Amino acid sequence: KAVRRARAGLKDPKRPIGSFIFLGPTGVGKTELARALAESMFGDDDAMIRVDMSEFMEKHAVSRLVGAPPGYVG
Amino acid sequence: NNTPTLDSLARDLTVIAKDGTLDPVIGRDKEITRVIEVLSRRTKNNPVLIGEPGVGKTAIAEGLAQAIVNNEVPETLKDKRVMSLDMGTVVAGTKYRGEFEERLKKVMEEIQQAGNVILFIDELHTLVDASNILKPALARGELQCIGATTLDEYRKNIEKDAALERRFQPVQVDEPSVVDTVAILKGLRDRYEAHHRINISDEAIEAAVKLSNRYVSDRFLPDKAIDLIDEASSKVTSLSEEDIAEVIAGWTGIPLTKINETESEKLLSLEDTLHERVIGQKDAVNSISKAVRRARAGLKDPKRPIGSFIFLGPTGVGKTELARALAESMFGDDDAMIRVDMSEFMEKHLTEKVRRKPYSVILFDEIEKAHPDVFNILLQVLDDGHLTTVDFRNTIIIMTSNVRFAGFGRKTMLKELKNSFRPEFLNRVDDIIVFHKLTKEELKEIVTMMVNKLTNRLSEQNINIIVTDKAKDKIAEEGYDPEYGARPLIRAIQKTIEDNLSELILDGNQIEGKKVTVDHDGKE
Amino acid sequence: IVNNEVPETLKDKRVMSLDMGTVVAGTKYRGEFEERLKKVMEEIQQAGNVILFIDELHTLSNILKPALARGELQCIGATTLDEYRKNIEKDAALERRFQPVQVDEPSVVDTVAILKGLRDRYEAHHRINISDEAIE
Ligand SMILES: Nc1ncnc2c1ncn2[C@@H]1O[C@H](COP(=O)(O)OP(=O)(O)O)[C@@H](O)[C@H]1O
Ligand SMILES: Nc1ncnc2c1ncn2[C@@H]1O[C@H](COP(=O)(O)OP(=O)(O)O)[C@@H](O)[C@H]1O
Numbered sequence: 522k523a524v525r526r527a528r529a530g531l532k533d534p535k536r537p538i539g540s541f542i543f544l545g546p547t548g549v550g551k552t553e554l555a556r557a558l559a560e561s562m563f564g565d566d567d568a569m570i571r572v573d574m575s576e577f578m579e580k581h582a583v584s585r586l587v588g589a590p591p592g593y594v595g
Numbered sequence: 158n159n160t161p162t163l164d165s166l167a168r169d170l171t172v173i174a175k176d177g178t179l180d181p182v183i184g185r186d187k188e189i190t191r192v193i194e195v196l197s198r199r200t201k202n203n204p205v206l207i208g209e210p211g212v213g214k215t216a217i218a219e220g221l222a223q224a225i226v227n228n229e230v231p232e233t234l235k236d237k238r239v240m241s242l243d244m245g246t247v248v249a250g251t252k253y254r255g256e257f258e259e260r261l262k263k264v265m266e267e268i269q270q271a272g273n274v275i276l277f278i279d280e281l282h283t284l285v295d296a297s298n299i300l301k302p303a304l305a306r307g308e309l310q311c312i313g314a315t316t317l318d319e320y321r322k323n324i325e326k327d328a329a330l331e332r333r334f335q336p337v338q339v340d341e342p343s344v345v346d347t348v349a350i351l352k353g354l355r356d357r358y359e360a361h362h363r364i365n366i367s368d369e370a371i372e373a374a375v376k377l378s379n380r381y382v383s384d385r386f387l388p389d390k391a392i393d394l395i396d397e398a399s400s401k402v469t470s471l472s473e474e475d476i477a478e479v480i481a482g483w484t485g486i487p488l489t490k491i492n493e494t495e496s497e498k499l500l501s502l503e504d505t506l507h508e509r510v511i512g513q514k515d516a517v518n519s520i521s522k523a524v525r526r527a528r529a530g531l532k533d534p535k536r537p538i539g540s541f542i543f544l545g546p547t548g549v550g551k552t553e554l555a556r557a558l559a560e561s562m563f564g565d566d567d568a569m570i571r572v573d574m575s576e577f578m579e580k581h602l603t604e605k606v607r608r609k610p611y612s613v614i615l616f617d618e619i620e621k622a623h624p625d626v627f628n629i630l631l632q633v634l635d636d637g638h639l640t646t647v648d649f650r651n652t653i654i655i656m657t658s659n660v669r670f671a672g673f674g686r687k688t689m690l691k692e693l694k695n696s697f698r699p700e701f702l703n704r705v706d707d708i709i710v711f712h713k714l715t716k717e718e719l720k721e722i723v724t725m726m727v728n729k730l731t732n733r734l735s736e737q738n739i740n741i742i743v744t745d746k747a748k749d750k751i752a753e754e755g756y757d758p759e760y761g762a763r764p765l766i767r768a769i770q771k772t773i774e775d776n777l778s779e780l781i782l783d784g785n786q787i788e789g790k791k792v793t794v795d796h797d798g799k800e
Numbered sequence: 225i226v227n228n229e230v231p232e233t234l235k236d237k238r239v240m241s242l243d244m245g246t247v248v249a250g251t252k253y254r255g256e257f258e259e260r261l262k263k264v265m266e267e268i269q270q271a272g273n274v275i276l277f278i279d280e281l282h283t284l297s298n299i300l301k302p303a304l305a306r307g308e309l310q311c312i313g314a315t316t317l318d319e320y321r322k323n324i325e326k327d328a329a330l331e332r333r334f335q336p337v338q339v340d341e342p343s344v345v346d347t348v349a350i351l352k353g354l355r356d357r358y359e360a361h362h363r364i365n366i367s368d369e370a371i372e
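Protein chains in written order, with UniProt numbering: chain G, 522 to 595; chain X, 158 to 285, 295 to 402, 469 to 581, 602 to 640, 646 to 660, 669 to 674, 686 to 800; chain P, 225 to 284, 297 to 372.
Don't take every hint at face value.
Below are the BS3-like pairs computed for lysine-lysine, each with C-alpha atoms no more than 30 angstroms apart in a straight line [stated by the list, open to error]:
hint, chain 1, residue 1, chain 2, residue 2
1, X, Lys322, X, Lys301
2, X, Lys301, P, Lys326
3, P, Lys235, X, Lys401
4, P, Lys326, X, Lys326
5, P, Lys262, X, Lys263
6, P, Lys263, X, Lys175
7, X, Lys262, P, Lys252
8, P, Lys301, X, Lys237
9, X, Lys605, P, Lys326
10, P, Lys262, X, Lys175
11, X, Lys262, P, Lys263
12, X, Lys605, P, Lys322
13, X, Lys175, P, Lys301
14, P, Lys326, X, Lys609
15, X, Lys532, G, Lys551
16, X, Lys729, X, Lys750
17, X, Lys605, X, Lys326
18, X, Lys326, G, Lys535
19, X, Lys580, G, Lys551
20, X, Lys262, P, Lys301
21, G, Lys551, X, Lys237
22, P, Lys252, X, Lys263
23, X, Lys263, P, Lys235
24, P, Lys322, X, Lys263
25, X, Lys262, G, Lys551
26, X, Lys237, P, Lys262
27, X, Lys580, G, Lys580
28, P, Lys326, X, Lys263
29, P, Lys237, X, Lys401
30, P, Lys322, X, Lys322
31, X, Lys252, P, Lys326
32, P, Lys262, X, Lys252
Source of the hints: derived by calculation from the structure; they are not laboratory data.
I would like the entire structure built from these sequences, with the hints used as guidance.
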């Protein structure tokens, strides 16, 4: 419904197409469903942008998302 | 009519096209058409051919020159010259004011007054000093350019200045497939036969393509295959795969018999070539040979790695030398082993190595000590087969490991692995291998190996070392430890030989080929 | 070449060595050097049989391009890896035309063999005998 609402031109221009939390047990399909969506949109699983939050265990890991402040390395 | 300075320092491509000497350009019709439509623009009509080195970027400009001569271009281009301007000595006086801009403006005004030049500028990124001279002429439309650069150079230089992006349009040039490279070679065949006066078989073409794709990673098709077939037909009635393999042996140093052996005969002889390098560990060698045969039988998903093995045994008793034997046998060199450094995973709080060497054994030294981020990378390699692209399907993954009774007082390690690692990851290793604590006779056969590797090495100094088996036998004590064995022996061979002979012949005597016959004195 | 040991496919090739000092020697004005270069390149194009040797090649693409364009100047040269890493690798128009040949560091044995050959004319210059074992 979100994908169709986007391509139909009804999506609010200022907001992303959709944002979803997939909550459930381990090994139930909720990463595979994202992979299948990416495949259906781009023909390949590899076009997904995958962020592994387990490495972001510290607050300063946030620099990997948005960069290092002026004067800091990288 | 004429452009006297430009004609001195630019290779005229369209005249070489009319002179028939230019080689054919095959299959690049999409890229040529994209260049045509970019050139027809009114404003930013300057294509940049973006692609890896050697993929055919200049061949697009030469195909354009052919299209112009062959009247295939639209009428807007029917008469334009294509001039490959070389930067090499457009810089010539790096200190003086204006000496660069002098001859640059001279070339540019010649190109202006002869308003029918298309200029090809290879390594365009090297211009970004000149940009302030080109921007006004480009804006004025007098000069029309084809650039060529790598993608990373483009991002590093041209993308950063919006005023350059406001003048140049990117055209992606990709490395052709094996099929396209074959079609290229089959076109160029006749033109190379006319030079070498040798027949070139189709099987030699496909062999050259395959072997350039499998033994020369750091270079790209078609240039690899062209270079290979050219140097082979130089080395040579007709060309054949044996000459291709000989040239690959030249470029790699790999022995020719290792190169031209089939997959099957390679993996059949495998475990003998393992046994003779490692000594002992019969169960481990049989396990790894069984597992790799099972993988290469070809039923497994061809995107997944060839193997994934955990080594449990004590210390250094044979793990690393078995990994090096596996890399030597499966892929052709000890240099086919990559030792991963775990610091890369800590550093955020390998990929560019695999890019260079995809036929390699990947060794994880003591995976227990790694950052637990390593398991994300491991799982990603072991399930998808690719990272960022870099592809692991040809690699073998080896992960090494080393996993008091307060009282009056061969299966435990299989237990303790389960709880010492993430079991969801142990669900995905292909096999688990246990190394035994080696026997004394195996250890002294190692000593016969190392003493031979010293004797023949010393023999390069004309020092014909000779040794008595019983003397080596009675150094088998000199490093037998419950913790380790294949290491302390290395601190025995130099004391028992090198320093022993440093007392016995190097001083107070003199080195001669006779008493370097080590006779057993009854003790050592 | 002079032994005619080279392939029968190129016995006619003549090897010659170009020194910039000689080419500038006695030039009296600017551009005379460059035009003497251009006319010797034209003579090279007419002859077709030449092969040109250029030591200290790193002293050199464009000014000799008119005969590197198609490769009318068949070229052989020597350089150190230092004076190769920094320049000859760093011009695509050279990497399109040159091929590096590494000349190996020789063994002790080969160096004493070449010595005990070439020794005979240094004996001549000194009028002294060289012990072959003192060489080794
Ligand atoms: N409902 C399902 N349909 C199809 N395949 C599934 C389903 N649930 C799990 N799987 C399979 O098992 C794996 C499930 O991974 P997944 O459950 O997406 O990881 P997680 O949910 O723990 O992030 C995938 O390889 C997928 O093929
Ligand atoms: N379509 C093609 N037809 C014939 N030869 C080609 C083709 N594409 C590339 N080549 C060959 O590849 C070699 C390298 O050319 P190129 O990749 O343009 O060099 P560069 O690294 O400057 O881009 C040349 O010898 C060229 O003839």
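Consistency of the hints with the structure:
Distance restraint check for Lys322 of chain X and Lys301 of chain X: the Cα-Cα separation of roughly 19 angstroms lies within the 30 angstroms cut-off, and the hinted pair is therefore satisfied. Pair hint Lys301 of chain X plus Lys326 of chain P holds up; C-alpha atoms about 25 angstroms apart against a cutoff of 30 angstroms. Restraint check for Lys235 of chain P and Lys401 of chain X: the C-alpha separation of about 18 angstroms stays at or below 30 angstroms, so the hint holds. For the proposed pair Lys326 of chain P and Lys326 of chain X, the alpha carbon gap of about 23 angstroms is at most 30 angstroms, so the pair holds.
The suggested pairing of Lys262 of chain P with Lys263 of chain X holds, with an alpha-carbon distance near 20 angstroms, which does not exceed 30 angstroms. Between the alpha carbons of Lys263 of chain P and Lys175 of chain X the distance comes to roughly 26 angstroms, so the proposed pair stays at or under 30 angstroms and holds. For the hint linking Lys262 of chain X to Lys252 of chain P, the alpha-carbon distance of about 28 angstroms falls within 30 angstroms, and the restraint holds. Restraint check: the Cα-Cα separation between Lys301 of chain P and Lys237 of chain X comes to about 22 angstroms, which is no more than 30 angstroms; the hinted pair holds.
With a CA separation close to 23 angstroms, the supplied pair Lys605 of chain X and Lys326 of chain P stays within the 30 angstroms bound. Straight-line distance between C-alpha atoms of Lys262 of chain P and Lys175 of chain X comes to about 25 angstroms, which keeps the hinted pair within the 30 angstroms bound. Taken as a hint, the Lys262 of chain X and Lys263 of chain P pair is honoured in the structure, with Cα atoms around 26 angstroms apart against an allowance of 30 angstroms. A C-alpha spacing of about 24 angstroms is found between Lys605 of chain X and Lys322 of chain P, which places the hinted pair at or below 30 angstroms, so the restraint holds.
At roughly 20 angstroms between alpha-carbon atoms, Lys175 of chain X and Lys301 of chain P fall within 30 angstroms of each other, so this suggested pair holds. With a C-alpha separation of about 24 angstroms, the suggested pair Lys326 of chain P and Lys609 of chain X falls inside the 30 angstroms cut-off, and the hint holds. Straight-line distance between C-alpha atoms of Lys532 of chain X and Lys551 of chain G comes to about 26 angstroms, which keeps the hinted pair within the 30 angstroms bound. Proximity of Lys729 of chain X to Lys750 of chain X is assessed by CA-CA distance (about 19 angstroms); at most 30 angstroms being required, the pair is judged to hold.
Only pairs whose Cα atoms come within 30 angstroms are accepted, and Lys605 of chain X paired with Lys326 of chain X is accepted, the gap being roughly 28 angstroms. Distance hint between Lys326 of chain X and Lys535 of chain G is fulfilled; the C-alpha atoms sit about 27 angstroms from each other, no more than 30 angstroms. At roughly 27 angstroms between alpha-carbon atoms, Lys580 of chain X and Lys551 of chain G fall within 30 angstroms of each other, so this suggested pair holds. Between the alpha carbons of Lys262 of chain X and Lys301 of chain P the distance comes to roughly 20 angstroms, so the proposed pair stays at or under 30 angstroms and holds.
Proposed proximity of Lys551 of chain G and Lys237 of chain X is contradicted: the alpha carbons are some 58 angstroms apart, above 30 angstroms. Under the criterion of a C-alpha separation no larger than 30 angstroms, the hint pairing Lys252 of chain P with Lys263 of chain X is consistent with the structure, at around 25 angstroms. With a CA separation close to 44 angstroms, the supplied pair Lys263 of chain X and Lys235 of chain P exceeds the 30 angstroms bound. For the hint linking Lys322 of chain P to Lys263 of chain X, the alpha-carbon distance of about 29 angstroms falls within 30 angstroms, and the restraint holds.
Restraint check for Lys262 of chain X and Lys551 of chain G: not satisfied, since their Cα atoms lie roughly 62 angstroms apart, outside the 30 angstroms limit. As the CA atoms of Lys237 of chain X and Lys262 of chain P are separated by approximately 27 angstroms, the hinted pair is consistent with the 30 angstroms bound. About 13 angstroms separates the Cα atoms of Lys580 of chain X and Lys580 of chain G, which keeps this hinted pair within 30 angstroms; it holds. A distance of roughly 25 angstroms separates the Cα atoms of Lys326 of chain P and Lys263 of chain X; the hinted pair therefore holds under the 30 angstroms criterion.
Taken as a hint, the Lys237 of chain P and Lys401 of chain X pair is honoured in the structure, with Cα atoms around 19 angstroms apart against an allowance of 30 angstroms. Distance restraint check for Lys322 of chain P and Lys322 of chain X: the Cα-Cα separation of roughly 20 angstroms lies within the 30 angstroms cut-off, and the hinted pair is therefore satisfied. Restraint check for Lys252 of chain X and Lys326 of chain P: satisfied, since their Cα atoms lie roughly 20 angstroms apart, inside the 30 angstroms limit. A threshold of 30 angstroms between alpha carbons decides the hint, and for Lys262 of chain P with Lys252 of chain X the separation of about 26 angstroms falls inside it, so the pair holds.
In summary, the numbered hints that this structure violates are 21, 23, 25.
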